[PDB]
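Put chains B, C, D, E, F and G on the given structure of chain A with help from the hints.
Listed below, chain by chain, are the residues.
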Amino acid sequence: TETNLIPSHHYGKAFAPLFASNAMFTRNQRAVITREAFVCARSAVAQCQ
Amino acid sequence: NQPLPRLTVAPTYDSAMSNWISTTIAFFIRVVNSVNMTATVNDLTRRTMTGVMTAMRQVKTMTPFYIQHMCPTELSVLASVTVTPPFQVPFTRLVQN
Amino acid sequence: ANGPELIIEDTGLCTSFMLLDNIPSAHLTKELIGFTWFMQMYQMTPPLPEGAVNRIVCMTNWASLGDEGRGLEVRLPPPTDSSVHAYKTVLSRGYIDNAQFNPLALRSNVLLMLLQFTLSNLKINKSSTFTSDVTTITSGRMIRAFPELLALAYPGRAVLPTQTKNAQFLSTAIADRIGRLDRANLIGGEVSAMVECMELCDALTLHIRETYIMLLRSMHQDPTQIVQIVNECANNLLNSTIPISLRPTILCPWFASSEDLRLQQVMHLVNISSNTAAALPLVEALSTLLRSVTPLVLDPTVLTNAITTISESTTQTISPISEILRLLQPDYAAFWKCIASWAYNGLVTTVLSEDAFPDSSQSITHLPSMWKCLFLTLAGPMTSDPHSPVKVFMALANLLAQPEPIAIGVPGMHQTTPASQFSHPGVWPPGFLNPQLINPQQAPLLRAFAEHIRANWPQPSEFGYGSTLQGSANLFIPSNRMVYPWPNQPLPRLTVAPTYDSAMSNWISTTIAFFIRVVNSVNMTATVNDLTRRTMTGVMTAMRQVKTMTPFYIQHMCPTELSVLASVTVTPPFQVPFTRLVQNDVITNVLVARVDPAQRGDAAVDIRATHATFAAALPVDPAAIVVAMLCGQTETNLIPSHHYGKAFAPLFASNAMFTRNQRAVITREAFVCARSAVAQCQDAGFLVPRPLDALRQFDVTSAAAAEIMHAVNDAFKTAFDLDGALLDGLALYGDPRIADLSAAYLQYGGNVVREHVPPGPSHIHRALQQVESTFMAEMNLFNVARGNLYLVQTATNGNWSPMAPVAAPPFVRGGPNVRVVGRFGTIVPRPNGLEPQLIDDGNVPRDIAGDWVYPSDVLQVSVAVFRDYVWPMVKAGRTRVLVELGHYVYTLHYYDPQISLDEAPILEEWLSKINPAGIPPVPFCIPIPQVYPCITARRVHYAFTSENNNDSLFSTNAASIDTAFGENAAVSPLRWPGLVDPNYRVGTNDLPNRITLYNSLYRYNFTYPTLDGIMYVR
Amino acid sequence: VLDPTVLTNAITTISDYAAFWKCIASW
Amino acid sequence: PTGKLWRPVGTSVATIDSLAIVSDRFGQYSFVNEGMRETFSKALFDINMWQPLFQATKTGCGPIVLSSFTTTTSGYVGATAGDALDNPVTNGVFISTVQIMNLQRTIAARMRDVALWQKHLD
Amino acid sequence: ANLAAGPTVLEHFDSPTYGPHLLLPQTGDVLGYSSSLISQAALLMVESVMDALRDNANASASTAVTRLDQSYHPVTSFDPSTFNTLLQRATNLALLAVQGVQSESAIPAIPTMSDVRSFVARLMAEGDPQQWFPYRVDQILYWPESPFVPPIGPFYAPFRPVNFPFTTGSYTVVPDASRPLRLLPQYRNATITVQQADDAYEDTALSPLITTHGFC
Amino acid sequence: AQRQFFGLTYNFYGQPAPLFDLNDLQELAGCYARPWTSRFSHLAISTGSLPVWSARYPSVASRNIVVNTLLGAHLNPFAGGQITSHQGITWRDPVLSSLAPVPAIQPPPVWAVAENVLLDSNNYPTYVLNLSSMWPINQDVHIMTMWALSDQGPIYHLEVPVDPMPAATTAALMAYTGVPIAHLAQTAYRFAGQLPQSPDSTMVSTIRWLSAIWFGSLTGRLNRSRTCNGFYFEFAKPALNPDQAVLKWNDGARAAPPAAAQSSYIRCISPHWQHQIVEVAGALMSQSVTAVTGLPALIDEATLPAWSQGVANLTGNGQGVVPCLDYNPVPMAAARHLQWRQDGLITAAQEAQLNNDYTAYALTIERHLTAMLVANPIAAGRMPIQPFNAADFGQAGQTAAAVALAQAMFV
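Residue numbers (the authors' numbering), protein chains in the order written: chain A, 827 to 875; chain B, 681 to 777; chain C, 188 to 333, 337 to 520, 524 to 1211; chain D, 487 to 501, 524 to 535; chain E, 43 to 164; chain F, 218 to 433; chain G, 2 to 412.
Quick caveat, the hints were computed from the structure, so don't treat them as lab data.
In this text, a Cβ means the ideal position worked out from N, Cα and C, and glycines have one as well.
Incorrect hints may appear among the rest.
On the chain A side, residues computed to face chain B include the following (Cβ under 7 Å) [stated by the list, open to error]: (1) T827; (2) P833; (3) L844; (4) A849.
Chain F residues, not near chain C, derived (Cβ > 12 Å throughout) [as the list claims (entries may be wrong)]: (5) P325; (6) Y352; (7) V390.
Just chain A, same shape as in the assembly:
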């Protein structure tokens, strides 16, 4: 590992850019829509048979 290494500062600086990209919430959003498109898909095909 890099000579000078304060695990604290390192992991900190790295995971900073990650939480800047609201990719954590895209997951929650694409999720509540797949559950909509499902409870609605499953229903429409379950109503035609």
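For chains B, C, D, E, F and G alone, coordinates are given in the frame of chain A:
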């Protein structure tokens, strides 16, 4: 895995992987020294084999420590900032059935 | 010649803390005249520094005119200066910006620099010329005349015109405490041995500087010694004489203990590449020398002749004679190396060259293979290889398979397996070990071969070598001993003649008697023609009857040469017990260890896997061996001893042999310091007393070790100057943290020996240590205040004193309502006009208007905040904060109490230079101490330390007749016990608390005679 | 930071890592 | 275990014959098995009880702790080398002869002291 | 000190022959006495230890012998702790053979290879290395309460084990019985429990034992 | 060579465990280097060059007195046979190369805290089998046992063959002239502490004669006037630290050889010894000799502590003993001066002052030891000063006897 301990000579040779990397090289050093090896392995080259496999074993690699103290803290985090969460079936060592 | 530069005299007074006059006293002439006098107006330099502020900064050798530098030094610039550049010797270089000093790796640096402070002081205090004092200042006395360095030495000889604060002090100086005291001289008319004298010099430099003379001794030997050490080394032959007469003094550091030696022999084997190539300039070195001197002339003609003269009918196709005449011909490089190889079997064991084995496609009716195989045998004992016996047995056992079947242990190893391929111990023919097993009615010939090898393989034996008074580099043999293949006899001082007795000779006679039996055997007799088969008996008898002088040599003169040559050699012999056919004691591996299997959990794991195994083998050729072995002639009129007493004269007349003897000592040091250096900066390792545990260190990662362990290897490489690889190699596996030496072979059976050379009891694992005990005590003298740093808006008008703080510090940690700052240091903002809460330690946001305790680290990953919410607060004078940092570097800034000033910006700037990486040396403003009672402007200060870090102030107003507003700081007498205390006794020093800048001390006049300075060889 | 320099030296005397990273990200 | 403690007189290897009663300047350490401490504690306990009367009348000499007469030796403790070999005890609590004397004459001297008062109280 | 590298160095502490000698066996090992080649160093021990034993056997009070014992003694390159090498085992047995102990099995006057081998075999067989007399490198501890009377010099310390089981006295040799001798059984006190006294038998009994019938 | 040494450990002065701190083990026997032949790397040309004042070890002899205690706790092998370990510490290997924290899975049986355990270089069958290697441990246990058999000052030995100095012993000394008593014991110690040297070796005579001359000087007799074969030690003039000593081959009347073998065990008797770099470098040196020669005979029992009676191999009481004398620096020096005064060496009015000069000096190396004594208690589990009770300082021990044993030794 274990909470990232203050780097020292202890955690950096006691990791799960350090043991594995170690005891294996240890085991193969006795294999390249088998009586059977003689058939094709030269006495000099049989020593050169122990020479190299020992270099590996004793080499001061710092990953074994990373993969057991610092790598969990990455996945734990990295596994949250991803638009697609981690699908993961349980691990099993030798429990067969 | 790369020997450490040990003797390094220094005439100029040994001291490493000069009273550097800082802020100068203002030469003022218009007003208030007389208040401050300068020695300058009396054309006479002041003994003590004369300025408004005189710091005692440290500069190794500041006043060291003594001829010749040590190479490296450590001169901190007065606090007024920056200073941090002097502490970035590690974990900084390309990471922490100039302005700053890496506070995390502080100890790793204040230690790496103190080691630096020591080596720089490793000079001998040479004596100067003490002349009397015709002047009335000391009326006769023995002051040591130097240029201007005089004034600065003896402070007592000072001429005081007015009651100046200095003169206030010096005034005291006990008259008789000057000049010298006891010149102890012996030869009347020759220079004095060691004069003794009081003279400005710090108890500390003195200590180191004299724990060095103590060292040069630990490696010295009176003449009647160094003579024998030399005699014995050439086996008493070689005429050298010492003159029985008093030789005043002679410090000649040529010897290292036996232990200091071994620590460098294993050490030397670490850098050597286990590969066969690195051991080749180790044997060939001993071989070019072996020949260089040797009464053994190799002379083909002898053999050729003895063989050419056997009758052989030419009505025959196969030419028994023409055969060997060809075979026996591939140069003598092989005979010597075989020998030379014995000296280093540990590293490299010779071997029968695979190619020189009768090929496995022919049986024994083939006559070129019968001779090929005979030459394998004879040359058998020559090679050091732990298998030659078995390989020799096979070579034939192999070639005569069809007739003679024998037991062959492991699968995939038939009796027809290419002999040479029999290297492992476990695969020795069951019959070969115990010939009882091989049955006659099936393998007669082969059984008589096994029967033969066992009864006649040379019995190993050992002899002495080198001097017992000068240890030795042995790791597996007693000191001054060398195991040896052939039985050994004492060198003869008469006339030699090739004798037919002796292991060598007998081995050639019985073996040549065996192949004469192989030729007259059933098999042979039925196939091979008749008259030809006679020629072969003749061609062998001739050989087994040539007057070869070698059999003798390998047993009488060779042992002398190896012994005497085992000192001139540029690498001491490295041997492992020779095992004359003993199944279990075959040495499969001679291993070494860079790390110790203790630290990494390897206590149990097998040896072959924790240590490196030297793998270097030489392919000797049987042809050469025999041609030599069986064909050595000497000088008819020759006295063995005489011819050596001659051949050794040169490589024993100079003390080149004594050089490696020191490279050893310097190695035992460099290593013991590194072990200390790394383990201190590390956190609890090889029990190394850490007198620097208070200082910090958050980088214990290997990189940190190699970095630490590296500078140390420089400090010495620079200090003693030695290109040769020293303390290197230990790294290799990238990890100094566990540096630990250990050698150890492993016999096939089980026995693992082990022999871990530990560093000998070294002289610097004291000194340095000794400096760190005292460093801790007197940090300030190196720009390194301790305690913590307070930030409170005290806007006074009196004698502000950042350093030495009067009264108890306001609000200590854990005091009533004194919350700490939670690790992150985050500040949560509050809505509609409410104070921004500063997340406290317990993790419960508290409010800024109060008393905070800032764990320094926090303040590093947080300033951006600190400066924006707590700082605006501290200025308002409503939030005294304690920045809690262990030991920082500290810049001073003397301002003028007359004029007004507000210490805020010389602080705000310091804040704007604190990264999550490094902080700049804490700056403290301090009013320059005035002479009169001046009216002062209300200044506003903020920074002021809790601990009394005012320990290098030395003086407050040298020249001034009296300080009035500044803080008078009369030259502390406690610093000069020797110089002003009545009760002081010449030879006492509170060495681990204060540093008496004026002690007594023995200066020597050591003469360093060369080898011709001692004995007279030739 | 993976780098065989040390390993090579050690071994050499007596004589990108997607695979690795695609093994932890694999878990 | 029980009996006096023995130790390998021949050192290291204890062979059932090597062991000898570890005697010395204090007499022989006899082991103080669990139950035998119950007695001497129960005896001392009944004396400590009278603490308030010992101070009042300046007699006595402080509370008698049974841990003042014992020790923490270790070795093999049996009745004879042969059988003591099967009782390796480490840091057991033994009371030396000369001590088995005081714990005796102390409990005896104090016993008189209290026996008297204890009669008035009654 | 000078010959410390050599395999081992045997030396006669009891009245050496022509003055104190210091035998140093060459490294090679003899063929014949043990399936496992016995080192010349260890063989010399057996051959001598097999004397101090055979000599004790018939040494009498009225006779005066050259040496109060004939057993050799390792002085260098000898492992004092373990008991593997035939040498260590032999040495360990000589420190006892200096007390006057005699082997139950009569040691022939002229040891023959068959016999030597039958002794070197009995020595190798797993057993308990005698522990009464600890080993030293420069001193042979001899029981004070033992027939052996120390020579003079500084080689014999009168060490007394805590409990030596041997008492003194000799044994008159009796010729080999021409036929299996029957033994009337007279009982002792301790008795074994049927369970234990069964397998004990079944652990060393000759079960499927072939037997002749003869004529009834 | 020499393969036989008998030692005796220090006495836990009315204290529990061995009086040495863990902070000490890593201060002398630490760093992993072999703590063996290190005793001497803590001494200077004098005392004013050492951290032997107010500090962890406030004495020019406080080091050895500690390292010696530390050796007691780690010498169980020679006591019984096994290696053992005292507080997480036990030699790394069978060769006792150095100390180190107890392993982890295969720890040695915890040592048994016992005081004054005798030692036999035989109870450890591996020692002699390696002799050469661990040779040092011999000479050291010896340095120990010569301080242990005593309570107030080490007990060395003195000799004087009825013959003249062994030529190559007058040549070896004449190359050590200017050298200070300190650096002499240096070579002395450093010598007999590596590679078993035969007592026949030149050096032993030389370094044994250098311990006989030092004594003659310490008691006037062998002075600037009456030299040995030509040597005698000149002590620094008391007024500037007389705690010095330098060898000086002169050429004045040669003190005629004694009428017989003059043997005697002399030990400093007052606490003064603990701080006189010369009373140690000298005694320590005289012990360098004994170390590589067994032990002349048995040191007389009479005047000696209570824990040193009939100490098998060491102490005696019968015939194989040699009367042991003990001198006191001051009562000593006084006579040492009177001797000079008688040989016209000094004035008749200069000795009544030389004593003042020196006597005041001893009064300084007295208010200092007492201070360090009442500074480093002893109940503090440590013993850098070694108890002495403000009394022995004046104690006019044998002295008068050794002042006579000096004359008969250099007639």
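A quick look at each hint next to the structure:
no. : hint : in the structure
1   : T827 : 6 Å, holds
2   : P833 : 6 Å, holds
3   : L844 : 4 Å, holds
4   : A849 : 5 Å, holds
5   : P325 : 22 Å, holds
6   : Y352 : 19 Å, holds
7   : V390 : 33 Å, holds
The structure shown violates none of the earlier numbered hints.
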